[PDB]
Amino acid sequence: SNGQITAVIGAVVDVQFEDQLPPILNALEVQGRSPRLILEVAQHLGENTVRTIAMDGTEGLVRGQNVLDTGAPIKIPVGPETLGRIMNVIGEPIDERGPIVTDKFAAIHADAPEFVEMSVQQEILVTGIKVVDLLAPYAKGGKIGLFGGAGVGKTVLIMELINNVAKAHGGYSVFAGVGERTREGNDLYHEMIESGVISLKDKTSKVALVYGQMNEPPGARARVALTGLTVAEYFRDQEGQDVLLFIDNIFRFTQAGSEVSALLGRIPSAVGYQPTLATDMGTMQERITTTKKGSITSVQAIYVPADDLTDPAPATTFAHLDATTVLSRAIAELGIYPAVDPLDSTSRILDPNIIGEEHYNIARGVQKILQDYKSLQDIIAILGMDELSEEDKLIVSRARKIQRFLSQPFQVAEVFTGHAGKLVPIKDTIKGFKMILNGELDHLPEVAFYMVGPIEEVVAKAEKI
Amino acid sequence: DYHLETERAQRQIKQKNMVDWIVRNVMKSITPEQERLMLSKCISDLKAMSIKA
Amino acid sequence: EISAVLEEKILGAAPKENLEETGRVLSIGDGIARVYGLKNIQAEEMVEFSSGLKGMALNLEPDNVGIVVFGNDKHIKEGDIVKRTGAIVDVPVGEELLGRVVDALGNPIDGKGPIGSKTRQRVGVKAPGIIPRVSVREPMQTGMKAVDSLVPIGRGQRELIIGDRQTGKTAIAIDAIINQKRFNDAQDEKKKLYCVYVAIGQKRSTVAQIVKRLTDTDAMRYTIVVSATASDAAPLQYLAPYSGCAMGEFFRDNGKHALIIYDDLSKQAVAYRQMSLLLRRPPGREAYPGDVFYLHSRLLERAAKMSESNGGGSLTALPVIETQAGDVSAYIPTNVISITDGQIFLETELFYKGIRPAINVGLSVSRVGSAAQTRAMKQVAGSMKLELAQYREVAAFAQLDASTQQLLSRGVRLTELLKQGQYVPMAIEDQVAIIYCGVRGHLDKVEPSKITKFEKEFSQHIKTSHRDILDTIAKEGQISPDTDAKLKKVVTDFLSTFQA
Amino acid sequence: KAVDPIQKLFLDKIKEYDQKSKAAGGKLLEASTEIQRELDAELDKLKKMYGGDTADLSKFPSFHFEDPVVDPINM
Ligand SMILES: Nc1ncnc2c1ncn2[C@@H]1O[C@H](COP(=O)(O)OP(=O)(O)OP(=O)(O)O)[C@@H](O)[C@H]1O
Ligand SMILES: Nc1ncnc2c1ncn2[C@@H]1O[C@H](COP(=O)(O)OP(=O)(O)OP(=O)(O)O)[C@@H](O)[C@H]1O
Ligand SMILES: [Mg+2]
Ligand SMILES: [Mg+2]
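If you're matching them up, the sequences are chains D, K, A and L in order.
For the first sequence, the positions run 12 to 476 when PDB author numbering is used.
For the second sequence, the positions run 156 to 208 when PDB author numbering is used.
For the third sequence, the positions run 7 to 405, 410 to 510 when PDB author numbering is used.
For the fourth sequence, the positions run 2 to 76 when PDB author numbering is used.
Hints in this document: simulated from the structure, not taken from any laboratory.
A portion of the hints provided could be inaccurate.
[Unchecked claim] Computed list of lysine to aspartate or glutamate pairs in EDC-like fashion (alpha-carbon distance at most 16 Å, straight line): (1) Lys169(K) with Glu35(L); (2) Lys198(A) with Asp259(A); (3) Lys46(L) with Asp156(K); (4) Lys49(L) with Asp200(K); (5) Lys196(K) with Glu13(A); (6) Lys46(L) with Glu160(K); (7) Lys379(D) with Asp403(D); (8) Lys14(L) with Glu13(A); (9) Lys171(K) with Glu35(L); (10) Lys429(A) with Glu355(A); (11) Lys178(D) with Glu205(D); (12) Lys196(K) with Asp5(L); (13) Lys15(A) with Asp13(L); (14) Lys132(A) with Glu70(D); (15) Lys22(A) with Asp13(L); (16) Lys48(L) with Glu160(K); (17) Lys169(K) with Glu31(L); (18) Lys2(L) with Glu160(K).
Produce the complete structure using the sequences and hints provided.
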């Protein structure tokens with residue numbers, strides 16, 4: 012039927028319907044509004060009034076304004092025709108190339124795959140990054156989370172993974188920009204234009220982009236991730252393809268959910284969060300999976316507010332991921348890029364029966380050396396290096412060489428620095444770290460280990476000095 | 156600068172006492188016949204607003 | 007004289023008491039007024055009280071309307087009459103505000119008279135999207151040698167000025183405003199820039215001194231000062247950044263270029279925290295509301311570089327954040343760092359040692375970088391950045411080799427070269443020449459205490475009988491190796507002439 | 002035109018004050034004591050600040066070139 016706006020507070024619009032109530036998650040179109048204001052029903056308030064979250068701004072809304080029930084949730088175009096196109100939260104094209112002419116639509120809200128639709132295959136995905144491919148290796152089909160604060164480098168790691176994996180992938184790709192800079196989305200779009208992954212002149216585009224950024228109202232930022240999920244779910248189930256899903260970033264989705272939680276009349280959770288943060292994140296993340304119909308490899312960035320890991324939103328996101336890559340500000344202060352914490356990143360593929368016995372033993376030896384160095388740093392900061400024994404000096408020297416060799420010049424970061432980006436095969440990674448752990452390179456200065464890809468570049472840089 | 160400050164101070168003082176004398180004389184300007192005329196004009200304006208429905 | 011002004015003010019003060027759907031104040035307190043009535047009022051609509059104050063209709067409850075008062079609450083009593091204006095909260099915009107000090111609502115407080123504005127713009131306007139945006143490619147010249155070399159700013163960029171109290175944040179911002187006089191007085195309309203200074207929570211004497219400093223340097227002719235001082239109400243301090251952003255968005259949407267400074271956004275967040283705590287909203291991190299990130303993000307997203315189809319305009323933001331004990335790990339600084347494109351960190355330790363501006367090179371970065379610089383400045387700043395990185399690498403442990415002592419001396423000379431006095435910004439050609447002399451080893455025989463005197467005398471010498479060098483630099487746009495050799499020869503001649 | 006009686010009365014009082022000020026030669030008309038005291042205090046403060054007590058500032062001041070003694074050229 013037809014409803015009327017009875018309250019507007021923030022991005023929360025209460026609308027009263029006369030005859031029949033639209034269901035929860037149903038999309039309502041506001042009449043008399045030019046740029047398609049769409050409201051999603053969140054709860055039935057009672058007395059034939061429902062409460063909705065707006066997918067755009069609520070300015071210019073008067074009380075009693077007519078709103079029309081569409082009889083369905085937010086439906087978004089899915090298919091081969093969405094490749095190479097940019098879409099907003101409600102699936103409208105925003106790349107100014109005309110409408111997306113497709114026959115297939117899907118609702119952005121869907122139930123998670125069941126317990127019987129699960130695959131347990133764990134095959135290592137080689138990324139070309141030494142700290143990733145050694146300590147927390149990625150899996151072909153599975154969830155990867157890049158945790159990081161403000162300015163520690165997550166977009167650079169996202170772009171490096173897209174450069175190293177998505178171009179030489181073959182299957183498909185979906186990017187979901189969630190609450191980030193619109194400049195980043197413009198730069199990524201033009202990057203995919205130049206690299207040939209998007210073709211403006213013809214077909215055979217491989218990546219579909221969905222963008223809802225930080226200038227959007229909190230209603231739009233809380234649903235654009237589901238739109239990108241819907242594109243990836245169609246490419247996985249109805250086509251049986253291997254899909255790459257990049258999301259940047261998840262915390263904007265779970266923060267936009269908390270911005271409207273006070274306006275929904277909810278009691279706030281601990282540290283002023285939404286009391287349904289865990290359940291909303293669970294229902295969102297369980298749709299991203301590798302099924303028996305198709306495979307999805309997902310890379311999601313996660314923001315930690317005020318450089319805190321015990322915040323409820325990243326602490327909830329930790330249990331929903333296979334591989335974690337935690338980025339630390341203190342490592343970035345030391346000039347090591349990427350600033351991956353080696354003692355805080357886990358993969359669950361790091362098993363001697365999956366990635367090899369030598370690879371597992373080298374990774375655990377590196378982690379033990381860095382833990383011993385971290386324990387020694389307290390005595391080093393006070394009494395200096397003179398009080399240390401000879402084995403402690405060897406531990407410190409090898410650990411500093413290991414920390415320098417974990418850094419790697421990225422191809423996407425060259426404009427920041429000028430170093431040529433290096434792609435390191437995993438056999439060269441385990442050979443170089445086995446050489447460092449065996450003490451075969453103790454006679455080299457540690458500066459030669461800095462910003463070089465293979466161990467041959469370490470020897471060449473040491474001989475250059 | 157001294158001439159400018161002196162003229163500005165005299166202008167400010169002239170404005171202040173003119174405003175105060177205008178307030179006092181306006182409070183002394185009310186006559187009952189003009190009060191009845193103003194009340195009739197207010198009633199006519201209220202009736203004109205009543206017409207504009 | 008005076009009587010004509012009195013007649014004009016009387017004739018312009020038409021009450022026009024007709025229709026006027028109104029409401030009654032049920033209760034007044036804590037800066038929030040509950041109004042019974044106003045059935046057809048809109049959300050975020052400006053209203054007027056009976057005492058002349060103005061407010062914004064925040065909450066559209068069924069039986070009442072919650073209104074945020076832009077002023078003191080002692081002028082409003084129970085049962086007052088609230089009139090709706092029919093417009094969402096808007097401020098006057100235009101070129102009429104240039105040279106004016108206004109409050110958060112746009113009312114002039116400098117005593118210069120009314121503003122003859124023709125257009126008004128709302129303060130809650132959404133930011134441009136992906137398509138109407140283009141990459142930042144035009145340079146923003148603040149006139150500071152360290153900023154223009156190491157942490158460059160482009161037009162449309164959002165660059166944060168973050169540091170402790172009394173470290174020179176306002177000094178950098180005012181020098182950036184003053185430096186645009188050479189562009190504004192020139193003929194190139196594309197390089198002209200219009201400045202907006204938003205003073206939030208400061209003392210009134212400080213704002214008066216800033217306005218006098220801008221008037222003495224004649225930077226006031228292209229500057230709008232939006233003032234919300236420490237004695238003003240918290241809603242005025244909250245509204246002032248958005249009013250100034252609307253005034254800068256006027257130039258942004260009309261093909262012009264505007265630079266806006268919010269000094270400081272930490273005091274605006276304190277005022278908004280007071281407003282939310284008086285609204286009984288749930289406190290979060292450090293008792294702040296959970297939408298303070300959205301507050302700064304919706305303010306700063308309106309500063310962007312438009313496309314050529316949108317007029318080619320731009321709005322540049324310089325937010326200011328005051329930290330406690332140099333902590334950039336707090337909530338508000340981390341929010342503004344995540345929003346903006348880069349920061350300029352100011353150190354208390356460097357400020358106590360006389361290094362002014364006290365810019366931390368290791369912490370202040372700019373994500374735009376090479377697109378925000380000219381060719382000659384970028385060519386010399388890459389070498390300067392590499393040499394300062396080498397100096398910071400070798401001075402961390404040396405607390410020796412001839413090469414290490416050479417790098418230490420070079421880094422000391424570059425550090426003394428980047429020091430600049432207050433209120434005297436430099437043109438980009440003078441900075442390019444100065445950094446060229448520092449980088450190329452021309453200061454190797456010069457003591458670090460005489461670098462400033464050498465810099466002044468070399469600038470005088472270049473402006474005296476080396477105008478053809480500046481003409482060649484402006485024509486080429488860079489430094490060719492032939493002109494590099496000529497510059498090395500005339501530098502050697504100048505240093506031999508000064509002392510022999 | 003629908004001229005308000007209050008605005009017309011205000012204009013009549015302003016014209017009356019202007020005519021009386023012309024009759025009074027532009028002097029202050031029926032000013033209160035406190036305004037006169039504040040005017041005298043401000044005039045005295047500006048006279049002391051601008052040095053009007055030393056000499057009359059409404060006229061052209063006279064100047065004397067302080068006779069210079071150069072440094073000893075000889076030793
Ligand atoms: N691999 C790298 N090589 C060189 N510099 C790097 C690298 N990674 C990050 N940086 C530096 O860190 C800065 C921050 O990068 P980026 O914008 O990707 O961080 P982020 O974690 O996404 O930040 P935000 O959360 O604010 O979006 C870069 O602009 C660059 O200066
Ligand atoms: N480059 C400079 N050269 C000389 N003095 C400087 C320079 N920069 C700043 N100062 C001085 O440092 C003092 C503090 O600077 P300023 O007031 O700009 O800092 P601020 O961070 O805005 O302080 P506040 O926290 O009080 O706002 C002033 O006395 C100013 O003159
Ligand atoms: Mg990022
Ligand atoms: Mg200041």
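Each hint, compared with the structure:
1. Distance hint between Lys169(K) and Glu35(L) is fulfilled; the C-alpha atoms sit about 13 Å from each other, no more than 16 Å.
2. A hinted pair counts as satisfied when its Cα atoms are at most 16 Å apart, and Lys198(A) with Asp259(A) qualifies at roughly 15 Å.
3. For a cut-off of 16 Å, the pair hint linking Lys46(L) to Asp156(K) stands: about 14 Å separates their Cα positions.
4. At roughly 57 Å between alpha-carbon atoms, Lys49(L) and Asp200(K) are farther apart than 16 Å, so this suggested pair is violated.
5. Pair hint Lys196(K) plus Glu13(A) does not hold up; C-alpha atoms about 23 Å apart against a cutoff of 16 Å.
6. Restraint check for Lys46(L) and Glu160(K): the C-alpha separation of about 11 Å stays at or below 16 Å, so the hint holds.
7. As the CA atoms of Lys379(D) and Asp403(D) are separated by approximately 13 Å, the hinted pair is consistent with the 16 Å bound.
8. Using a Cα cut-off of 16 Å, the hinted pair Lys14(L) and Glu13(A) holds, with the two alpha carbons roughly 11 Å apart.
9. Taken as a hint, the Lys171(K) and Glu35(L) pair is honoured in the structure, with Cα atoms around 11 Å apart against an allowance of 16 Å.
10. Restraint check for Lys429(A) and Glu355(A): satisfied, since their Cα atoms lie roughly 15 Å apart, inside the 16 Å limit.
11. Distance restraint check for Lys178(D) and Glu205(D): the Cα-Cα separation of roughly 12 Å lies within the 16 Å cut-off, and the hinted pair is therefore satisfied.
12. In summary, the hint linking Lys196(K) to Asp5(L) is supported, as the alpha carbons are separated by about 9 Å, within the 16 Å threshold.
13. The hinted pair formed by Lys15(A) and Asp13(L) meets the criterion: a straight-line CA distance of about 15 Å does not exceed 16 Å.
14. Note on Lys132(A) and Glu70(D): the hinted pairing holds, with a Cα-Cα distance of about 10 Å set against a maximum of 16 Å.
15. The straight-line distance between the Cα atoms of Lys22(A) and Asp13(L) is roughly 21 Å, outside the 16 Å bound, and the hint therefore fails.
16. Between the alpha carbons of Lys48(L) and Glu160(K) the distance comes to roughly 10 Å, so the proposed pair stays at or under 16 Å and holds.
17. Only pairs whose Cα atoms come within 16 Å are accepted, and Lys169(K) paired with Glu31(L) is accepted, the gap being roughly 11 Å.
18. For a cut-off of 16 Å, the pair hint linking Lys2(L) to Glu160(K) is broken: about 42 Å separates their Cα positions.
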